[PDB]
Every structure is written in C-alpha cells, then in structure tokens.
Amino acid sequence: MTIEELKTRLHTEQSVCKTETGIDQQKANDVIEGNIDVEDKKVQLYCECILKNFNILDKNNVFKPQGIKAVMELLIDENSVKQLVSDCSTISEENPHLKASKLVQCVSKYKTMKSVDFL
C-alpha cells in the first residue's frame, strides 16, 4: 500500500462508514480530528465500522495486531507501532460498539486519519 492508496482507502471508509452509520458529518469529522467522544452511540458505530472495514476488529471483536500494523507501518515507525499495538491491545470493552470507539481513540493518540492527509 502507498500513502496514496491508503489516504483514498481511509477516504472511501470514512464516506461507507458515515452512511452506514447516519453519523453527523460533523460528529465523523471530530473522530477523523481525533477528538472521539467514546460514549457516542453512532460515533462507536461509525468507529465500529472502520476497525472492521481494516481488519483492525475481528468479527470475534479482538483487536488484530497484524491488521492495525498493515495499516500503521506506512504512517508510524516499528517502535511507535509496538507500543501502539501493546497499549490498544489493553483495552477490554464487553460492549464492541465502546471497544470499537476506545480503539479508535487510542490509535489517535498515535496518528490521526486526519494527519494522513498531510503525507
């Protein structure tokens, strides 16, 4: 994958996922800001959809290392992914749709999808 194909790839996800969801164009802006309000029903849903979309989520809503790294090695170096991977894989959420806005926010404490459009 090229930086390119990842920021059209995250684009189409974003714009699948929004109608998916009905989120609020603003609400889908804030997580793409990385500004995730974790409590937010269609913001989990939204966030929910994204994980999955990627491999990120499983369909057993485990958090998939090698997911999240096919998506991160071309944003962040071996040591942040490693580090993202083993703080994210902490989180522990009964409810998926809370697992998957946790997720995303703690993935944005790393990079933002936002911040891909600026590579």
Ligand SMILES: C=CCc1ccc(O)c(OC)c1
Second form
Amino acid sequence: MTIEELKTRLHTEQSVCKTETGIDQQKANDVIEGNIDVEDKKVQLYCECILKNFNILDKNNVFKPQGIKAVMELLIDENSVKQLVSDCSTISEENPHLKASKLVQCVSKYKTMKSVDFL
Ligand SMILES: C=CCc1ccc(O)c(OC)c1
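Compare with the form solved without this ligand: the form deposited with this ligand bound:
Let us now look at the entire complex, which starts with that chain.
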C-alpha cells in the first residue's frame, strides 16, 4: 500500500464509518486529529468501525498486531511500530466499544489519521 493509497483508503473508511455510526462531522474530525473522547458512544462506534475495517480488531474485538503493522509501517520507523504494538496490546477493556476508542487514542499518540494528509 502506498501513502497516496492509504490517504484514499482512510478517507473512504472515515466516510463509510461516519454514515454507519451517525457521528457528527466535527466529532469525527476530532478523532481524525487524535483528540479522542473515549467515553463518547458515537466516538466508540466510529473507532470500532474504522479499526474493524482495517482488520485491526477481529470479530471478537481482539487487537490484531499484523493489521496495525500493515498501516503504521508506512508512517513510522520500525522500532516505533514495535513500541506501539506492545503499548496498545496492554489495553484491556470488558466493554468492546470502550476498547476501540482507547485503542484509537493509543495509536493516535504515534500518528494521527489527519497526519497522513500532509505526507
Ligand atoms: C490503523 C488504521 C486506523 C488509524 C487509527 C488511528 C490512527 O491514529 C491512525 O493513524 C494513522 C490510523
């Protein structure tokens, strides 16, 4: 996947997931910029939708290190990808919707979805 292809893919998922969840565009823009309101229901649903569509969360809401590696290896150095994988593997949440927003918040510390547009 190229950067330009990832840019297009992120825009597609952001649009599909906004329609599917009913999240307000400004709230979706906050998520894209890495400002995640983890406790907000629509933010949780939007985060879940994006992570599932990128194969980062499986049907059982288990974090898939290979899914995040496939995206992040295009954006950050190899040692930062390994750090992100170990860091975000520590998120343990019985509520799968809260798990999804906590995961997007974790990934956002390394690179935001918005950051890809300036590449
Ligand atoms: C990994 C796919 C979606 C995604 C979620 C949160 C992010 O911060 C991100 O940055 C590139 C990408």
